[PDB]
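Participant: Residue-level listing of the chains:
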Amino acid sequence: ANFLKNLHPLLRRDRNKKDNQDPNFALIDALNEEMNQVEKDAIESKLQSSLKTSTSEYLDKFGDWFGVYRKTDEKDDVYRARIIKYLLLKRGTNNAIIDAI
Amino acid sequence: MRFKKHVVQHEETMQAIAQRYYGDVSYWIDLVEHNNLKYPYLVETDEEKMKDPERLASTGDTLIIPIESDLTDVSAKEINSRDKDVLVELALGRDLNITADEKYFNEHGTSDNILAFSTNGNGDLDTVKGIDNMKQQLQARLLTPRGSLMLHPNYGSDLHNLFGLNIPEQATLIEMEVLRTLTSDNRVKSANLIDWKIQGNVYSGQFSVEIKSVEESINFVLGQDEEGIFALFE
Amino acid sequence: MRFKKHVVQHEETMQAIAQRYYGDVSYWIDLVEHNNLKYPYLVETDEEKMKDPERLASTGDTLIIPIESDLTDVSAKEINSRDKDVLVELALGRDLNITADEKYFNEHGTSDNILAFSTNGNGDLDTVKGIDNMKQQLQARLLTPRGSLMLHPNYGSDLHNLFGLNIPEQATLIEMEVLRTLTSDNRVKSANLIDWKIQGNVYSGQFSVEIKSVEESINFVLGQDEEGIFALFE
Amino acid sequence: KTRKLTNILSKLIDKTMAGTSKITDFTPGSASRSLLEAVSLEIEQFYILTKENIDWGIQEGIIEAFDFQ
Amino acid sequence: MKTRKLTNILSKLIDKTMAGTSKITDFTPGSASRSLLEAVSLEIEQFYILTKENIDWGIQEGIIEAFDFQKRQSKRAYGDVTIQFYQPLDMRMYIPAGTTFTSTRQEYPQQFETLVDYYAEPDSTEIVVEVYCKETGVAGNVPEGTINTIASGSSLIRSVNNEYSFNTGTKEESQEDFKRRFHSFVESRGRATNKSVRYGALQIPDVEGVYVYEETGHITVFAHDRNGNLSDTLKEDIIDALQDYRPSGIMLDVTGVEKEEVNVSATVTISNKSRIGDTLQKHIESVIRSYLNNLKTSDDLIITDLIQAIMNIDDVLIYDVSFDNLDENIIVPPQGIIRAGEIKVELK
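Chains as they are written, first to last, in the deposited numbering: chain D, 2 to 102; chain A, 1 to 234; chain A', 1 to 234; chain C, 2 to 70; chain B, 1 to 348. A prime marks a further copy of an entry chain.
Which residues of chain D face chain B? A few of them, derived with a C-beta cut under 8 Å, are: (1) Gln22; (2) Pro24; (3) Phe26; (4) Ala27; (5) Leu28; (6) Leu32; (7) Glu35; (8) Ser46; (9) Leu90; (10) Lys91; (11) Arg92; (12) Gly93.
With a straight-line cut-off of 25 Å between C-alpha atoms, the simulated PhoX-like cross-links for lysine-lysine are: (13) B:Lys195 / D:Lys86; (14) C:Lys12 / D:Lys6; (15) A:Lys212 / A:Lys189; (16) B:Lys296 / B:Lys179; (17) C:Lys5 / B:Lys5; (18) B:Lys16 / C:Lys23; (19) B:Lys195 / B:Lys259; (20) A:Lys103 / D:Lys19; (21) D:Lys72 / B:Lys179; (22) D:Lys19 / B:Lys23; (23) A':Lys51 / D:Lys53; (24) B:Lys52 / A':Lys38; (25) D:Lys47 / A':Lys51; (26) C:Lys52 / D:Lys6; (27) C:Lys23 / B:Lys12; (28) B:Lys2 / D:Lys41; (29) B:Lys52 / C:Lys5; (30) B:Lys52 / C:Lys16; (31) A':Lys51 / C:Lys52; (32) D:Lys6 / A':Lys49; (33) B:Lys16 / D:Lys18; (34) A':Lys4 / A':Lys77; (35) D:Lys6 / A':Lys38; (36) A':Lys197 / A':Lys103.
Not the full set, but computed from the structure, chain C residues with beta-carbon under 10 Å of chain B: (37) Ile9; (38) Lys12; (39) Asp15; (40) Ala19.
Quick caveat, the hints were computed from the structure, so don't treat them as lab data. Yeah, the Cβ is synthetic: ideal placement off N, Cα and C, and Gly gets one too.
Please build the complete structure, drawing on both the sequences and the hints.
Facilitator: Set out below in structure tokens:
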């Protein structure tokens, strides 16, 4: 969101007093809105690269890597909990059999 | 690739065309073969052409002469004045107008936030072309401090620091800096001092700028035809 | 070793710094890596820096630019006048004041036991620096007979033997001896006669001494920075 | 893997030329070129941001789910 | 990343531009403002696409890095060679490692060498020695009868021959197999189960396939290499790997599969009789070898499947096919496998 900072210095950064309909300010602010929105999306994109904070499509990628597939109407929280549990399954004893039953 | 195209003139002949272009009548058979013409090559009117439209050509039809033509190495005397104007316009480039409202940024030349885009009155962004484009570029370079523009350390001028004493030494410094700035532009062939004076607090001067001639711009644009960019990356 | 250190300015950017120092914006990623910065490299104020003080820098913080800087090859125009004064003071050296009481050893110039140490009035030994130091050294060399100083056969002057007749020949001998003595000093760039006269028993003369310029002393001291001695062994 | 500043600027210029012939001056100091350069710098910075986030995610994203800090 | 598209971004930019000023109202094609905003929006779209692709790539990289589940590289071919002498030996001759084996058949100019020393006893007529291809990859999968030279130069050697076609040579691992073995890893985090035993037996890269035969209080692990063999060293390595995974207190045994070697002699008729030659014969033999070696465990040989595989090489050029040693389908049990023996083709 350093668009105004790295802009050409002579260009105006502020809507001029002499004209409320200054097209220069309109164009600059339009571009700045898109720049800020892309920055916000890029910041939020970190949540998709972590299994703890991932969501629908990227969480499905994680579960396909782990071999666990989403069930019908299965939400993200229970799905990630199911994946974690599936990784951590005890096997080979009476307690594990009882838990599976 | 590019080839000449000839319109059939009134009562013309293939020998005359061959003499006109190839410099020898012998190529008329080659011209026939390339254009695929039957024996009455140039008929009097379209009624005769109706008999065989494929293999015959009438007055006003266009023939192709396969000689490798090139827009460069063309005499500029043949070029129309409007064509010359368009060619120099292309050579000097087209850019969005920012130097509108001359009075405002002339009152505040050293400060920032001085210039802005403007509309052409037809709903589209304003544009400056040719001499206007050169004016805009030179004003922007002179007003811009050197090193302030990102990705271009050398673009600009040092006039913001030349607000010194009112003596001939500072006047010479200003003149030398302005000449450096103007010479920095590749299009500016040369610049030189005309006259200057000091009125105490106010310094005044004027300069003469000689842009590349019409011949040089025409040659440059017509040579650009080989590449097809038709754009400036100086 | 030595490196540049940059203070973050208001609404500055890493690209602008890289352009300013390295001459190209491309080094901003290298600047990030070396300083170990997180994505909001230059925050608006310290409230944002509180979120992550280690990995973020706010306005007024100091960044390190790893470019090998050297105090020599620095333009003397940037150096402050006080800095220039200190540099020339270092170049001409600091020595204990012995030429106090000018009247006494001017009355008895040729004799021994003429000068002595003195106090600065603050309980510490008196010191002469810069032009005063040069004055003291030149007076001591002129007053000292040549060959009388232990471990230095050449240091001194022969004026004690030039109490000859009152004719232009002895005046020329005196002038030549004084010029030799002044030229013996490495700091004295040159010396020359101004005017002289004879009044019977009394001979009178005056000389012009041109010490090394400010530029030369600045260059010498800043070049001494590589060694760190900052002392004179001439 | 990722674009860079020069490539982004070149592609912006090429797309602008393709879209219209009304602009042909892309020299240094031009307002249009300055705008495109600012956009290209912002996009390169966003690319670096994504690279940082992915580098963090490669080495912390999975394990962080198992309550390991 | 929300996966925006170009049209919406351009529409949003134009809408905000119109909202910010009433002067700009010309956003037709060919206009300066439309071109600029189109270029910006296209760059944003490309950024979003490449970000999505990079995130997908980084998920795979994080999976690899977290568990240290390195991808398996290309494997060099290896096999065994038979060597015969004029008469039974009296000296216990010594063959050091690095003894090079080559082939005069210029179609397969690859070289082989022994990685371990061998000794031939006195009063012995032949010796089997394991060899490894110098070059990695598929290039070492020569057919039977290729290797026929030994570079040691010993006078006692009568003849050299590899009795079976090599198949262990393979290229780099595929993505699907990597993901499959990662699923096996996840499944086998519980050590004591059947799938976990199968993973532990498959933990060795050289093992191709494993069949875990289960009884009450006894486990039998049928394992084989790419060639269908199971050397003693590989058996010991499998056992050592299974020490961590096998259940405690239950007997376990490792044995090789019941490999069955099939010899094929095919008479084939050709419509275009000028195409007859060594090339067509070698190509058909290579196809047959590939079909036989691609059979997995518990895969029953069907003669009609082989017929269609041979005929699909060129349905027009090839006229008819007949087998001189096969007449009925071969049933393979769960613990068996078929591998190619001597393949011969006669062109008519």
